[PDB]
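Chemist: Each chain, written out:
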Amino acid sequence: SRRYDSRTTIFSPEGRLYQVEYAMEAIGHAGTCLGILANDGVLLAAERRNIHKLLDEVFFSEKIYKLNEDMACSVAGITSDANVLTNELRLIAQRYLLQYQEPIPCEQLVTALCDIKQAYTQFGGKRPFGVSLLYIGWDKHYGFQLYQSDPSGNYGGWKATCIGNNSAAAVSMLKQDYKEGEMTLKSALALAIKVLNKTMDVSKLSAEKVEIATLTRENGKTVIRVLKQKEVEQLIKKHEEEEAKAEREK
Amino acid sequence: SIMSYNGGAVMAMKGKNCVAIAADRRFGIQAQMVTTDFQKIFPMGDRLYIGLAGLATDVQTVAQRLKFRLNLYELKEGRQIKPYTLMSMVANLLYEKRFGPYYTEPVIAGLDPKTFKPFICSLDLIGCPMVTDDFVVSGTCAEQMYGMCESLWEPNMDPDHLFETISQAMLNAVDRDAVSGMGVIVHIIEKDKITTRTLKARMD
Amino acid sequence: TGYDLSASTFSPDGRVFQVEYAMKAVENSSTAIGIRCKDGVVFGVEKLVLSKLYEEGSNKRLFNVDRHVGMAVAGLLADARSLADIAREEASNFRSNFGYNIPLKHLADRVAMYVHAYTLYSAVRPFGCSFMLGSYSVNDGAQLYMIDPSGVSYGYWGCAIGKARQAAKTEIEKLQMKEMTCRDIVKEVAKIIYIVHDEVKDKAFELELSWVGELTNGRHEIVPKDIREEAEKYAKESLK
Amino acid sequence: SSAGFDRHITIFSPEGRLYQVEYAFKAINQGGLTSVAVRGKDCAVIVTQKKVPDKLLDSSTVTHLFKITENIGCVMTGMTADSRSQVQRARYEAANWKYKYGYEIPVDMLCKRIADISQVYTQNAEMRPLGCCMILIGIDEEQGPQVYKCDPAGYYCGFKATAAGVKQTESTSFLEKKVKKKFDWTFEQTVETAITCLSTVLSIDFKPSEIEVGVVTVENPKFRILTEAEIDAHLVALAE
Amino acid sequence: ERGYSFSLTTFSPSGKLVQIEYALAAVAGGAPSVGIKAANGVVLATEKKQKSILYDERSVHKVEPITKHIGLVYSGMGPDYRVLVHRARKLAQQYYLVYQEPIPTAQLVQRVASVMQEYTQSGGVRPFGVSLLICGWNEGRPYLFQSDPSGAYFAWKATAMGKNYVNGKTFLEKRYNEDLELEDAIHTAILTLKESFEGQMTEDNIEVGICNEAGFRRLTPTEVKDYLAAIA
Amino acid sequence: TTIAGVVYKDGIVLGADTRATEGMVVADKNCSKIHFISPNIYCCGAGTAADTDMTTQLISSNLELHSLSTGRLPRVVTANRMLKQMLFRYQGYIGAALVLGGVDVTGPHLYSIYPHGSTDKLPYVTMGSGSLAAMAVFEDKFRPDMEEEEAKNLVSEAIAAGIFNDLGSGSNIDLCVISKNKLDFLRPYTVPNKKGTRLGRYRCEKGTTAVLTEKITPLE
Amino acid sequence: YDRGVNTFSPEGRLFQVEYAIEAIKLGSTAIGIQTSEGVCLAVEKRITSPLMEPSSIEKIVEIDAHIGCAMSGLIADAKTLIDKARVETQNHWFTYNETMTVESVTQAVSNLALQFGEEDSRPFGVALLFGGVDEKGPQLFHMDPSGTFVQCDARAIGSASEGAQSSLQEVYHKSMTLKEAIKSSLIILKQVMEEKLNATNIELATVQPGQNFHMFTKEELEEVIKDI
Amino acid sequence: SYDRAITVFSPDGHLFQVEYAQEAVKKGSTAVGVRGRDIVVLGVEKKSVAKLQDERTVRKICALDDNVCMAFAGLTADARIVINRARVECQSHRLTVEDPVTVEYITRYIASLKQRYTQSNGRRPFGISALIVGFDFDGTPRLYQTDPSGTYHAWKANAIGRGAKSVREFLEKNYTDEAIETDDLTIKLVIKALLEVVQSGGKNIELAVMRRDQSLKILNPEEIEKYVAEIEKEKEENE
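Protein chains in written order, with the deposited numbering: chain i, 2 to 251; chain p, 2 to 205; chain m, 5 to 244; chain g, 5 to 244; chain h, 3 to 234; chain o, 1 to 220; chain k, 8 to 127, 134 to 241; chain j, 2 to 240.
Because the hints were derived from the structure by calculation, they are not lab data.
Partial list, derived from the structure: chain g residues whose beta carbon lies under 10 Å from chain o:
(1) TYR103
(2) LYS104
(3) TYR105
(4) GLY106
(5) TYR107
(6) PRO110
(7) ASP112
(8) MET113
(9) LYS116
(10) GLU145
(11) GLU146
Dumping the calculated DSS-like pairs for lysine-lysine here, alpha-carbon to alpha-carbon at most 25 Å:
(12) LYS159/h - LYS77/p
(13) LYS171/h - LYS210/i
(14) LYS68/p - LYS67/i
(15) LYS53/h - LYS184/g
(16) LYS50/h - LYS181/g
(17) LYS17/p - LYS206/o
(18) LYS52/j - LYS180/i
(19) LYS118/p - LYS215/o
(20) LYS176/i - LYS204/j
(21) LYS171/h - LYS54/i
(22) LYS192/p - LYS215/o
(23) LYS206/o - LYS194/p
(24) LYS141/i - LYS68/p
(25) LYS226/g - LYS45/g
(26) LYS121/o - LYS102/g
(27) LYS116/g - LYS70/h
(28) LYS176/i - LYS52/j
(29) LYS28/m - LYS59/g
(30) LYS53/h - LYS186/g
(31) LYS53/h - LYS181/g
Think of the CB as a built atom: it goes at the ideal place given N, C-alpha and C, for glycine as much as any other residue.
Isolated chain i (complex conformation):
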């Protein structure tokens, strides 16, 4: 009965965590997201993995999961593994609100999910949650935030994040087009349009294959704008006119 144990917890003679890295290299495939934390608002970007023509798109929602009133998350990795994680995460935020009757601060939410992941990285040898995922949100203490979960339980507050293996060069592009917080809510969207136009090798960015959702700050509302397709289309047309204007320098 013990010669069938795969041992997904024990340290290898190399010096790393064997099963953890292989979860990370499971992250690296099938996905590419990012968001732009720049002032009054914050955004998310997402890539259609199943862009086949015979879907319904009747969910009113894709990769995003509006998990509270003021937080959603972009996902990458195994899907229903994350659907279980979204259910538990949402339930944690709602039991917090039950406990205090005040909305949930985004970092103790992130530490709650990260300690859930660490608890299945640490004892027993169970299959680890092979899901990295993003965070957008709002609080009473900092305004607008972004966070990057890892299968290990490690997190980090970023200002423009990275998940997918296709987007490491995107982070290089983010640094080569680094700004100091100027959220005209069109420059950051044009920047993200430029990034996903370059990084995916999908030629000329059909808007059905992408997804952008934002979160703006209203006094009593805190609306989350999972925006429609036409403004994305004219954003792409705006950006390709700006690329033609940019290559008038040659």
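Given the coordinates of chain i, work out where chains p, m, g, h, o, k and j should sit on it, guided by the hints.
Modeler: Okay, now just chains p, m, g, h, o, k and j, sitting in the frame of chain i:
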């Protein structure tokens, strides 16, 4: 009575195309008042309220418990909740404490989310629903509010006569009552907007 | 290789090698036979002296489970004691619940399910036992059952468990069952056990005989073997 | 195409198979035994032979026909312990049905519960999957007789005239050549076809002492096991 | 049951789940099916070949109702299929206990996908080799949901699963459009099932259930034998 | 509350009265004690309302589950067995005075359930607070194997006499008829009572009440 | 080649417990000596760095007011045993008004020296020297990972126990005195240690019927060392 | 649960997972810490920040009480768990006994948890090594370190992380009493030790101090720049 520990009265009245719910403001221990700003009518989404009467512990507990389950439902399903669904949820939540019962009498008044159809119902302390067409009441001064609404109600009511009818009903049924008084808050809602008025009740 | 390890695994041709290896474990034991007559069941176990090794009265393989049921075990001994204790417990439950004597079919079926249930998994091993179960009742007659290491439990007139298994039933079948009272069958089993299993590897042996039927009025006990001493006076006359 | 441990436990291979249950489909084959069921107009017939090579062995305790309930009979193949344990599980759920639901269990629902339990033994990888094949027969009101079969893999089904065990590629070939050609179905058309199909597969033409015949009919819905004399009557009744 | 509590489903050095990929291959080796949503109802259609001419077609049922308004078919192994069918049955009645209203199909697929994914991770058990095709008429718009052994799910206008699912899929991409009726849905469904099946397709080789906004309906071999005039 | 049941020559006629009293005050003028169980079996409740409601919804869910698992029509004896086992398992704490009726393959079957778990098969039962008056009317004017309109008139007469006697009875009268094929279910069977039109229009005016603090919240 | 943890040997012993007896060997040395005047005891601290504060490393811990101890090698597993032994002696004085004698202490320890298992995990890796003065006079007691508990008159443990036991058998007899045994121990210490013996290397722990509690602060050790 | 023994002894007398989980500490960030006589100081090197993001979440130095301070190496998640449990434990001690929690108590708690953690059924050992700096009653500066075995072990200066042998060798040839004379000099001594460690550009040099009657002050990286500048000035003054 444990029901007569803090007083309380909630009235809901169905109009023509709109619905009006009202309650009293007084909070205190049995003969001693404390404050005049105790909340008994809670918002559960848009154009749909709930009223709670009885012991204030179970009022706030069931309101927070219901808000918990309500937000979990509205996040698992992107749509907003139908009133029959809310009625069944409150019935199930109260019936989970069949032998550990809460001391409350919830009153639900809200509109249809698809049409402009009104809806009223009330429940008992164990989860007995009751849908009617005219009015439901809950609290200590039941018989007063029964007399008022069976005296003053008409079937097809413009919101002005609806407001004045529920106003006169609440004022007179509260003024005969002892332990429940100290102001009236009135929520009069419709398809377009939500109006909240407070009446000049006797502060005695 | 790999498929003889667990008690849960199958073979490329479809059998469990664990059960086979446990079956031929009981093959190394001495010899335990049993036979019924028309008003009783006679047991008998060949026990061997090496030189000293004990006292005439330890570890007797003829157990006694209920008031009218006893065991005639052969094989791994400690497992046979554990199985006798389980059978004792089951007859206790039946006597405590339904208020009358356990039918031998039900006792055998409960024991067979326990043996089969210990064969199903990898946490436990199969038993290394093969034993006999005899009975008598005024409304049921004589019943003789038999439980293998796998858990297949059905009935016989005569049987044999041990090394000499065919050569012990070669002359069981030369008996008859309608025409015999058990008092003949006592010296019959006695003379045949002295006949079989020659002096070759082991030198001294010793006989036990359990004995149930109508003559015991429904009781089960060991014979007064010293009384009538019926083996030896014909057994020394059985060498020619 | 094997990968990992797919030869040992119930996991998925590279070709999409699992090997334990398809080793268990020849776990029936070490029984060395053949079973035939027949369902016609308002009767339903089981036939299965015995194999008793011993003269010391009984005939009563060798019956594979197991009366499950007063309107349900069955027959078993495969290894014996799995069959008997499956029988007690079936009886326990039938009595559970009668306690919860009041009326008599339909033979379809019983096979559904047995199939689901066989899946549970198949579903987890750390419990052994019970290599026995189970045939059910039963009477239903407003439908007449029924014949059902439960597999080790957990797929129950039910059909007109069915056979499983050792030699049933040939038996199902004979029953394709026999029930598709417009035969009417009397009580003796069924009995004649049942004994003669096994008599043409094995080609023995034997005594009335080897086959057991379990019958049920809508004139007496009780399950019924035949006596040797009327078995002899049917046997010389097919002797033209 | 023994306390081992480890899961056999672990990540590859490449980062794959080899048992889930094998389960998907086990689904791909199963019986074909096709299911099409066409503006008013959803049509489900399977391919049910008996092994001999002895077998009866009134005992096993592929199209299986879950509520009075929700159909459910598969492409894989029946012995796992009925288990998770029964689980979905028991699951829908707790929802109807709580809310006293028929459960929506999205909520079914949430809970069934959660159960199946949970079952993929928990200890020492193999994943199900079953790909479902769930549908139902909830709140006017009908739906069509496919799941997979990985616990994921989707939403299709029309799809297929089983043998030569890519060939039937490429026929679906060419055949289907936005707007049809139930009859034209059955027409293209039997066309794409007759694309991949054997030559002799009768009233019993196939098994077809439909859906209405008036409710779920499971058709008979009578109307199936009606439709095999002017076949496909 | 006065419910009744009867078995005519083919099926079952059930009745009800829809006055839900709470103590001494009329709390409802239109309620529904005839509950759904199955397409062929219905049920009536009495005594504690929410206990009957939750119990009958649980048993209706379980029997819908069982019927969809089996693939055929439910049996009444199964409903009876589940109900008596549950109510005995609660030791008579749950008060649920039930009348159970349905048509099986065997035909019409009427059961009354007393809240400890004691059940009886009867051709006609009455349960509730005013059941005694309806049982009087039944024992006066019952004959075996009645026809349909005879049974409907009889049950209407019985519950009507219970309403003109009993104090916790009195509203509009519910009926339900179950056959092998035809299920009917009617909201007002016979409305015995009217109400006098108001004699003074006591209508208030637009502004007759002092208002202290307003709020407006627009919507979409 | 991983076998199950609870396997005997083909020879007969056990694997894991044998590996614990191997695991003792890497530990630091300790010497206790029974004398009729009282029990004396010594140990080596094995100081590694000057950054490493000297007085924090514990080797003699205090079981009771009259029961001493010394540990070896693995420290932390030993600390758990020390804690629980103290708890159980306190349960004995509480429920008995009296002093749990040192043998009963060590029986209470070696009842679960070997309870390592997977249900109801590894064997412990420390050898313990127990001293103290009960009613049977002075006592010196030596146990092991295997639970094989024995009385020793003057036991030496750990990494240099071969030459320590030999050269201890050279000097020992029955009628020794206290301070003679103290210097006779630390001679063996500065023959078996690796650094120069000074004020910070070793520490003593002596308990007497007269000197009632084990009391040993620093710098009497200086007066003892300079008498070499 | 998970009835297995993860950590088995070696054939030659080792624990594979305790000695080997020190490698994860050995392949983590470097961090030093000294005690002066009145002011305590610690800080981490090798933050290895990508120079362009937030930095308030990657803070490797935290506190459990107003009296006690943290540091660690190895992987960060196990440190997060141990710090959460340590906060709970120190506050629960404040629940009972009305003192501020002694540092020796919290180090014994952490090491005890770590050892009963290595002992238990199938729990993976913590691949961290903490530094627990605090100054309890009567102003006594003390600092202890942990180990994956669970051995609290009081030091006067630190040697963990990457290349800790080099750092302790610099502290070896730098054990001057006069280095612990001035508080500023002790801070500069930490800066010079961390300068005798990695690039030490003055970016990943995250340091926080406590003057034992105040709370922790995280320093703004301009004072540290002037500290490095005057250290370079003294290095030029050596010639």
